[PDB]
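> For reference, the chains in residue letters:
There are 2 protein chains.
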Amino acid sequence: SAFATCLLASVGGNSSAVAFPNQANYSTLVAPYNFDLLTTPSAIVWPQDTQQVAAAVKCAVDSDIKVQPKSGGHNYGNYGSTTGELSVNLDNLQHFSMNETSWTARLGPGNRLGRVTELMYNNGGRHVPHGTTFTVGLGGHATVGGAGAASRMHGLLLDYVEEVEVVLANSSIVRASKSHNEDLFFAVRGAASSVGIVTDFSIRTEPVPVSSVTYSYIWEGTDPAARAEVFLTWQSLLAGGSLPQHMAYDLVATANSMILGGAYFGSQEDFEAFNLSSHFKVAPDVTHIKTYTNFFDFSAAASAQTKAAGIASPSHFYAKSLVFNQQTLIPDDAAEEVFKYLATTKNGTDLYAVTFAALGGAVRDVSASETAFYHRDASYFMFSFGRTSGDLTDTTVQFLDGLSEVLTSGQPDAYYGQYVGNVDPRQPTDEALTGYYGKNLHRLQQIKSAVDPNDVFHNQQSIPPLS
Amino acid sequence: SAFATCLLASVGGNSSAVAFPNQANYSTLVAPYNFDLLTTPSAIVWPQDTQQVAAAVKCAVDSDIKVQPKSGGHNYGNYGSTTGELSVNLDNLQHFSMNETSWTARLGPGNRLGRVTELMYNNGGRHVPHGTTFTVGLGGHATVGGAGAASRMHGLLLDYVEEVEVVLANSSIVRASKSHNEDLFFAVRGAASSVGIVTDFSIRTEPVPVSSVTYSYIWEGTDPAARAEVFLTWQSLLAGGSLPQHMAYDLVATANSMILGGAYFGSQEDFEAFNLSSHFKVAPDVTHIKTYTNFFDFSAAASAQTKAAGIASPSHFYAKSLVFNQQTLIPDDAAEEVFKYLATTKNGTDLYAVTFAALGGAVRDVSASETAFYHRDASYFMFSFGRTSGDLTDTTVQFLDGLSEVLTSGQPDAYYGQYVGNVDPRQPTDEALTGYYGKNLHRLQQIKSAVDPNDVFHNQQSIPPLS
Ligand SMILES: *[C@@H]1O[C@H](CO)[C@@H](O[C@@H]2O[C@H](CO)[C@@H](O[C@H]3O[C@H](CO)[C@@H](O)[C@H](O[C@H]4O[C@H](CO)[C@@H](O)[C@H](O[C@H]5O[C@H](CO)[C@@H](O)[C@H](O)[C@@H]5O)[C@@H]4O)[C@@H]3O)[C@H](O)[C@H]2NC(C)=O)[C@H](O)[C@H]1NC(C)=O
Ligand SMILES: *[C@@H]1O[C@H](CO)[C@@H](O[C@@H]2O[C@H](CO)[C@@H](O[C@H]3O[C@H](CO[C@H]4O[C@H](CO)[C@@H](O)[C@H](O)[C@@H]4O)[C@@H](O)[C@H](O[C@H]4O[C@H](CO)[C@@H](O)[C@H](O)[C@@H]4O)[C@@H]3O)[C@H](O)[C@H]2NC(C)=O)[C@H](O)[C@H]1NC(C)=O
Ligand SMILES: Cc1cc2nc3c(=O)[nH]c(=O)nc-3n(C[C@H](O)[C@H](O)[C@H](O)COP(=O)(O)OP(=O)(O)OC[C@H]3O[C@@H](n4cnc5c(N)ncnc54)[C@H](O)[C@@H]3O)c2cc1C
Ligand SMILES: Cc1cc2nc3c(=O)[nH]c(=O)nc-3n(C[C@H](O)[C@H](O)[C@H](O)COP(=O)(O)OP(=O)(O)OC[C@H]3O[C@@H](n4cnc5c(N)ncnc54)[C@H](O)[C@@H]3O)c2cc1C
Ligand SMILES: *[C@@H]1O[C@H](CO)[C@@H](O[C@@H]2O[C@H](CO)[C@@H](O[C@H]3O[C@H](CO)[C@@H](O)[C@H](O[C@]4(O)O[C@H](CO)[C@@H](O)[C@H](O)[C@@H]4O)[C@@H]3O)[C@H](O)[C@H]2NC(C)=O)[C@H](O)[C@H]1NC(C)=O
Ligand SMILES: *[C@@H]1O[C@H](CO)[C@@H](O[C@@H]2O[C@H](CO)[C@@H](O[C@H]3O[C@H](CO)[C@@H](O)[C@H](O)[C@@H]3O)[C@H](O)[C@H]2NC(C)=O)[C@H](O)[C@H]1NC(C)=O
Ligand SMILES: *[C@@H]1O[C@H](CO)[C@@H](O[C@@H]2O[C@H](CO)[C@@H](O[C@H]3O[C@H](CO)[C@@H](O)[C@H](O)[C@@H]3O)[C@H](O)[C@H]2NC(C)=O)[C@H](O)[C@H]1NC(C)=O
Ligand SMILES: *[C@@H]1O[C@H](CO)[C@@H](O[C@@H]2O[C@H](CO)[C@@H](O[C@H]3O[C@H](CO)[C@@H](O)[C@H](O)[C@@H]3O)[C@H](O)[C@H]2NC(C)=O)[C@H](O)[C@H]1NC(C)=O
Ligand SMILES: *[C@@H]1O[C@H](CO)[C@@H](O)[C@H](O)[C@H]1NC(C)=O
Ligand SMILES: *[C@@H]1O[C@H](CO)[C@@H](O)[C@H](O)[C@H]1NC(C)=O
Ligand SMILES: *[C@@H]1O[C@H](CO)[C@@H](O)[C@H](O)[C@H]1NC(C)=O
Ligand SMILES: *[C@@H]1O[C@H](CO)[C@@H](O)[C@H](O)[C@H]1NC(C)=O
Numbered sequence: 005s006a007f008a009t010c011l012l013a014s015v016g017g018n019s020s021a022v023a024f025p026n027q028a029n030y031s032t033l034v035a036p037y038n039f040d041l042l043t044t045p046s047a048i049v050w051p052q053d054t055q056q057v058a059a060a061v062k063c064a065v066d067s068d069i070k071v072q073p074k075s076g077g078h079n080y081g082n083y084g085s086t087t088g089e090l091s092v093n094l095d096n097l098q099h100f101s102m103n104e105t106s107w108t109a110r111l112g113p114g115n116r117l118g119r120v121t122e123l124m125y126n127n128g129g130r131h132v133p134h135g136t137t138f139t140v141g142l143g144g145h146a147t148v149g150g151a152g153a154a155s156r157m158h159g160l161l162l163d164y165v166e167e168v169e170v171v172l173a174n175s176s177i178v179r180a181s182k183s184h185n186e187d188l189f190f191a192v193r194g195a196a197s198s199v200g201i202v203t204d205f206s207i208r209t210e211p212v213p214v215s216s217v218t219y220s221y222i223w224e225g226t227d228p229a230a231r232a233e234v235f236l237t238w239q240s241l242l243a244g245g246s247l248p249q250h251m252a253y254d255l256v257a258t259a260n261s262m263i264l265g266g267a268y269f270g271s272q273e274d275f276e277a278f279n280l281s282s283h284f285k286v287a288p289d290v291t292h293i294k295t296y297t298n299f300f301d302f303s304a305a306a307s308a309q310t311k312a313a314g315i316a317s318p319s320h321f322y323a324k325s326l327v328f329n330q331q332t333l334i335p336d337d338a339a340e341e342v343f344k345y346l347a348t349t350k351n352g353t354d355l356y357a358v359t360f361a362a363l364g365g366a367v368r369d370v371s372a373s374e375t376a377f378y379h380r381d382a383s384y385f386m387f388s389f390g391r392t393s394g395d396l397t398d399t400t401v402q403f404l405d406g407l408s409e410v411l412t413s414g415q416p417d418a419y420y421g422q423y424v425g426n427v428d429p430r431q432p433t434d435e436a437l438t439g440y441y442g443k444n445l446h447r448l449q450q451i452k453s454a455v456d457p458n459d460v461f462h463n464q465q466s467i468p469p470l471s
Numbered sequence: 005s006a007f008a009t010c011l012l013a014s015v016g017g018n019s020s021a022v023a024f025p026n027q028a029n030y031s032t033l034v035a036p037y038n039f040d041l042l043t044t045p046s047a048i049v050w051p052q053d054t055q056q057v058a059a060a061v062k063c064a065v066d067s068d069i070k071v072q073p074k075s076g077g078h079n080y081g082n083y084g085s086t087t088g089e090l091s092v093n094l095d096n097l098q099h100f101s102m103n104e105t106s107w108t109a110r111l112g113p114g115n116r117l118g119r120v121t122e123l124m125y126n127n128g129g130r131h132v133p134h135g136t137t138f139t140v141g142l143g144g145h146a147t148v149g150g151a152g153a154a155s156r157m158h159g160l161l162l163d164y165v166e167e168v169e170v171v172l173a174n175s176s177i178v179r180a181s182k183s184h185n186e187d188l189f190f191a192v193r194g195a196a197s198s199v200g201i202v203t204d205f206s207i208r209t210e211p212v213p214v215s216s217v218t219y220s221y222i223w224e225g226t227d228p229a230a231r232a233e234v235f236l237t238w239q240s241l242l243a244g245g246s247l248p249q250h251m252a253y254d255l256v257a258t259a260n261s262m263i264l265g266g267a268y269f270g271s272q273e274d275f276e277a278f279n280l281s282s283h284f285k286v287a288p289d290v291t292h293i294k295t296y297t298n299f300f301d302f303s304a305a306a307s308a309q310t311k312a313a314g315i316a317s318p319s320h321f322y323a324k325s326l327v328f329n330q331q332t333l334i335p336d337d338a339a340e341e342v343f344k345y346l347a348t349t350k351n352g353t354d355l356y357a358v359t360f361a362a363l364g365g366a367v368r369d370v371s372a373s374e375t376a377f378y379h380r381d382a383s384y385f386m387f388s389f390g391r392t393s394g395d396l397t398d399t400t401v402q403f404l405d406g407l408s409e410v411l412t413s414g415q416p417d418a419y420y421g422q423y424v425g426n427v428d429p430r431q432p433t434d435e436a437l438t439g440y441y442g443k444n445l446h447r448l449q450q451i452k453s454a455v456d457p458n459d460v461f462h463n464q465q466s467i468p469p470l471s
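From first to last, the protein sequence lines are chains A and B. So for the first sequence, the entry's author numbering puts the first residue at 5; every next one is plus one. So for the second sequence, the entry's author numbering puts the first residue at 5; every next one is plus one.
Treat the hints with caution; some may be incorrect.
Note that the list lumps identical chains together, so a pair holds whenever it fits in one copy or between two copies.
DMTMM-like mimics (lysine to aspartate or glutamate), calculated; alpha carbons at most 20 angstroms apart, straight line [stated by the list, open to error]:
#1 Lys311 x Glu273
#2 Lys311 x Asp381
#3 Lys294 x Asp337
#4 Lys344 x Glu224
#5 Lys443 x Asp381
#6 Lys294 x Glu276
#7 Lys294 x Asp381
#8 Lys344 x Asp354
#9 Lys285 x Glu224
#10 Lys443 x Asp417
#11 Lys443 x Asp398
#12 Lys443 x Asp369
Read the hints as simulated data drawn from the structure, not as lab findings.
Work out the full structure: start from the sequences and follow the hints.
Written out as C-alpha cells, the structure reads:
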C-alpha cells in the first residue's frame, strides 16, 4: 500500500497502468512465456516514458523490493516477472526514429523484433542483425546478444548498439557508450538485466541485402547412424571454412528428421553453385530453395517458420543451451552416442528439437572482453527444447539434462558456455553464471557492485555483487 | 650405472658429452643463470644431432628420470637444469641454411639470437622479429614466443616458425606444422618446454628494414609523482592508438630515471617529425637518436646495451612479470602509490628496474587460440628485475611481490597475465600456470596427455596432464 500508492503516482494516476496481485486478470497480465514456471510479481507497472521508469524503480527501493524489467516476454525463466519483485513492463516505450544521414535509428525497449524489422526496412531499406522470432522484445534481446540470419555476416545486434539510456538502481538516468560510462556500457551489452533498465537504444544499421536465399534440405529417418553422418558432415563442413561467411547455417534435429537450413545473401545462382548438399554422403529427401528480394518478407517468413514448427509460442517446455568452439567440437564417436541417446531415451515430449546455429564470421570480429558477451570464438550454438502437451515432468528434464551430458561427453571436463538469452533455470546458480558470462563474470561483479550495490535488479541468475 | 652407461651410448661414447654430479667440471657445466635458484640435474648430455636427442630421452625414460632440454639458458628459474632431471644441452645443434628462393631458414635450437640475427642478414639481408638480447637461445625462445623490436610491425618470432622437428617423450621423432600434427604444433609455439624437444626449426624471414632509428629520452630524478606523471603519460600515450605501427615503445624505470626507449623503422626526419617527446608534460633531461642503416649493427648495439644495463646477465636476482590491456590499464590513483612504494620500500637490491614494453601492432593478427601464446590481446608487459650483491634475501623477494601488488591495486582481482619467457619460481604453481598459459591451460593439458602421458618433460611449473 505505501508501495501501491506511489506506484500509482509513478504512472501519474493512470490506474490502468499499474496492477496488483489481488485482482483477477493478474494471472493473465503477468503473461508467462513458460507455462510451468509461473510467477507472481509484487506489482506490475506500465511506465510511459523514462522518468516514469525512474520513478517506479524508486517505489520498489523505498519498500525494499527488487526489480526486473519486462520488454517482450521471452525469458524462459519468466524472470521479467520474478515473484515478489517489481515487474516493469516496457510495452509503452516503443519509440522509433531514423537518421537519414548516419543511418542510426533510435528505438525503445518495448519494440518487438517484428516491428523493428518493418520500420528499419520502410525507413530507408535498412536492417540489423538480430533473432528470427518476431515476438522477441528488443529490450531483452539487444542486451543479451541477439543472433540470427545476418550474424555470421554482420555480428550480434549488440555490436550495432552505439549508445543506451540506462535507468539505474538509485534512479539516476545516465547514458552509456564506448566513450562515456564505458564500464556500464560493457555490462549493458550482454548483461543489462542485472545493472539497470535500458530505456532507449541508439543502434547503427546496415543496408538490407538485395537477394536473400532461404534453403532447406531434409533427411527423414529415425536411424542414428544416418543422422550422425548428417551432423558430422555439417559440423565438419563448418569447421572447414569452405563455407561462405555471409551465409547463415542452421541444423535442426527433431524426433524423425534432420533439417539443414539457412540463408545465403547473394544470387540464388551462386548458392546452388556451392552445391551445398553435394558435400553430404547421402542426398536429402526434400529441397526447398526460395529467393526473396524484399528483405522484410525474408524475415517475416522465417519468423513465421519457427512459430509454425511449434518451438516459438508460450507453452509447457524446458530447454538448455551449449556453446561449442574449435577445441570443443563433438567427436565422431560422441556424435553416434548422441543420436543413439536421442532415439532411445524416454523424453516425455509432444515435440522436441535440437538446433545447431552456426556462429562464426563477423561475430568473431569483436573482443571476447569488449562486450559482456563472452562466446565470440564460438563455432556453433546448441539449443535444446522440449515441449510437453502436459505439464512438464521430471522425465523431460532428464531427457534434456542427459542430452547436454552426452553432447559434451566427448570432452566432458572442458569449458562449455551457455547463451544467456536461453536461460536454464534448472541448474545450480553457480554453474549458470559460469556458462552465461564465462571469464567476464568477474568484471561484471566489479560493475554490478559499483552501479547497484544492493541487488535492486535481481533474478535467479543475475550477477551478484562482490564480497 | 645403468643410466650412466646408456647415456654414454646415446652420445656414441664421447665421454665429454656426458657430465655427472660426481665430476668437478659439473657445477660450471650446469651454468646457472639465476644464482639463487641453483640446481643439480642428475646428468647433462650433449647430443650432436636429432638421433642423439631421441636416444638421450629414452635413457632418462628407461630409468624413470625426467627430462628438460637446455638451449640458451635464460630461464630465470634455471628450468633447463632442473634438479635430478636429465639436462639435454643442445649446444651442438647450431645448424643453419637459407633457401634463397623462399627466404625461409632452417636452424637448430642451439643458435643464440646473436648468431641468428647475423647469419640471416649475411645470407640475403633477412631478419625475423625476436628478443633484443643476443645470448638468448632460439630453443627456449621461439617456443615461449619471442618479442622484441620488430614485433608490433611483424609479429612474434613464432608467427614465422613454419615447420618443426620434435623428439616426443616416447623418443619418436616427428615433424609438425599448421597442416600436420597440428595439435602438437600449437603446443610447440607456446609451451614446447612441456611437450617435446625441438631439434630443428623452419623459420620464414622478412627482408631487413632499410632504416632503423634507435632513440631514447631520460628523466633523471627521484620524485615519485614526477615519475608517475612520466608513466601515466606513457600509459595514456600508447592507448591513444596515436603511435605508428612500425615503432617499438619501451619505458624503463630505475631508482632515478624514466628512460623512454624504442626503435623506429623509416627515416629519422619522420620520428622527429612525430615529436614523440612533445606529448609529454615535463620535457626530458636528455635525448639520443642514432640512425642505423645496417640492421645487424642496430640489433647488436641494442643487445649490447641491455647487457650494460646490468639486467641481462647471470646473477643473484629475482624477477616477475604481469600483462596489461585496455581493461586493467593502471589507474592514476594507484600508479602514484607504485612510485611512492619504489621510493620508500627497503628494496634490498643494488639495482632494480621495471620495463614496460608495448605490444599489439601485429601481435594481434593471431588469435590467442591459434598458438599456445594466449596473452595476444595485450597492450604492454611489465618485467620487474631486482639484482642483489650476494645472495637473494626475503627482503628483495618481498619487495617485488609488494611491488607486484601495488601495481595491481588498480583492480586487485582482474586477470593479470604473466609471460612464460620470464618465469617466476617463487609463487605457487597453480598461480603460475594460470598466469603463463591461461585460457589454453586446459587445451594444452589435453595435448600434454596425448603426447606425454607420463609427464617426461617436467619442470616446476610445466603443463600437467588431466585428472
Ligand atoms: C493508461 O495505461 C494504459 C496502458 O499503460 C494506456 O493504454 C495503452 O496505450 C495504448 C492506448 O490505447 C495502447 O496501444 C496499443 O494497443 C492497441 C490495441 O491493442 C494497438 O492496436 C496499438 O497499435 C497500433 O498503433 C501503434 C502506434 O502507436 C503501432 O506501433 C502499432 O503496431 C503494434 O501492433 C501490435 C498490437 O497487437 C503490437 O504487438 C506491436 O508490437 C506494435 O507495437 C499499431 O499501428 C498499440 O500498440 C496500449 O495497448 C495500451 N495498453 C494497455 C491498455 O495495457 C492508457 O492510454 C493510459 N491512459 C492514460 C495515459 O491516460
Ligand atoms: C547513482 O548511482 C550511480 C552509479 O553508482 C552513480 O554514478 C557514478 O557516480 C560516481 C561518483 O559520482 C562516478 O565515479 C567517478 O566520478 C567522478 C567522475 O570521473 C569520471 O569521468 C572522468 C573523465 O570525465 C574519468 O577519468 C573517470 O575514470 C570517471 O569515468 C570521478 O572524479 C570519481 O573519481 C574519484 O572517486 C573518489 C572520490 O569521488 C576517489 O576515491 C578517487 O580517487 C577519484 O578522485 C569517480 O571515478 C561514476 O562515473 C558514476 N557512474 C555512472 C554510471 O553514472 C551516481 O552518483 C548515483 N546517483 C545518486 C546517488 O544520486
Ligand atoms: C521463441 C524464441 C525464439 C528466440 N530466438 C532467438 C534467436 O534466434 N536468437 C537469439 O539471439 N535469441 C533468441 N531468443 C532469445 C531472446 O534473444 C532472449 O530470450 C531475450 O532475453 C528475450 O528478450 P525479451 O525482451 O523478449 O524477453 P524478456 O523476458 O522481456 O526479457 C529477458 C530478460 O531481459 C531483461 N530485460 C528486458 N528488457 C530489458 C531492458 N529494457 N533493460 C534491461 N534488461 C531488460 C529482463 O529483465 C529479463 O531478465 C528467442 C527467444 C524465444 C522465446
Ligand atoms: C636478458 C634476457 C632478455 C630477454 N629478452 C627477451 C625479449 O626481448 N623478448 C622475449 O620474447 N623474450 C626475452 N627473453 C626471454 C626468453 O625468451 C626466455 O627467458 C626463454 O625461456 C629463455 O630461452 P633459452 O632457450 O635461452 O633458455 P633455456 O633455459 O634453455 O630454455 C627456456 C625453457 O625452454 C625449454 N627449452 C629450451 N630449449 C628447448 C627446445 N629445443 N625444445 C623445447 N623446450 C626447450 C627449457 O627446458 C626451459 O624450460 C629474455 C631473457 C633474458 C634472460
Ligand atoms: C520423443 O519425442 C518425440 C517428439 O516429441 C515423440 O514422438 C512424438 O510425440 C508424441 C508421442 O506421444 C506424439 O504427440 C502427438 O501426436 C498427435 C499429433 O501428431 C497429437 O494429436 C497427440 O495429442 C493428443 O493425442 O492431442 C489431443 C488433441 O490435440 C489432446 O487432447 C492431447 O494433446 C492428446 O495427448 C500427441 O500430442 C507425436 O505425434 C510424435 N511424433 C513423432 C514424429 O514422433 C516420442 O514419443 C518421444 N519418445 C519417447 C517419449 O520415448
Ligand atoms: C665430444 O665432446 C663434445 C660433445 O658435445 C664436443 O665438444 C664441443 O666441440 C665444439 C665444436 O667442436 C666446441 O665449440 C666451440 O668452442 C669455442 C668456444 O669459444 C667456439 O668459439 C668455436 O666456434 C667452437 O665451435 C665446444 O667447445 C665443445 N663443447 C664441449 C661441451 O666440449 C666434441 O666435439 C666431441 N668430440 C667428438 C669426437 O665427438
Ligand atoms: C633502492 O634501489 C637502489 C638501486 O636499486 C639502491 O641503491 C643502490 O644501493 C647499492 C647499495 O646500497 C649501491 O651499490 C653499492 O654497493 C656495491 C656492492 O659492492 C659497491 O660496489 C658500491 O658501494 C655500490 O655503489 C648502488 O650504487 C645503488 N644504486 C643506485 C642506482 O642508487 C637503494 O639502496 C635501494 N633503496 C633501499 C634498499 O632502501
Ligand atoms: C609416440 O607418441 C606419439 C604421440 O603420442 C604417437 O603418434 C600419434 O599417433 C596417433 C595414432 O595414429 C595419432 O593420432 C591420430 O592419427 C590419425 C590422424 O588423425 C588417426 O587416423 C588416428 O585414429 C588418431 O586419431 C597422432 O597424430 C600421433 N601424434 C603425433 C604427434 O604424430 C606415436 O605413435 C608414438 N610412437 C610409438 C608409441 O612408438
Ligand atoms: C484488469 O482489472 C482491473 C480491475 O480489476 C480493470 O480496471 C482493468 O480494466 C482490467 N484489465 C483489462 C480489462 O484489460
Ligand atoms: C551437385 O552435386 C550432386 C550430388 O553430389 C551431383 O549430381 C553433381 O556434382 C551436382 N549436380 C549438378 C551439377 O547438377
Ligand atoms: C669435464 O669432464 C672431464 C673430467 O673433468 C674432462 O675429461 C672433460 O674433457 C671436461 N669437459 C668439459 C666440457 O669441461
Ligand atoms: C617539436 O616540438 C618542439 C616544441 O617546442 C619544437 O620546438 C620542435 O621544433 C618540434 N620539432 C622537433 C623535430 O623537435
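> Hint by hint, which ones does this structure get wrong, listed from lowest number up?
Hint check: 1, 2, 3, 7, 11 fail, others pass.
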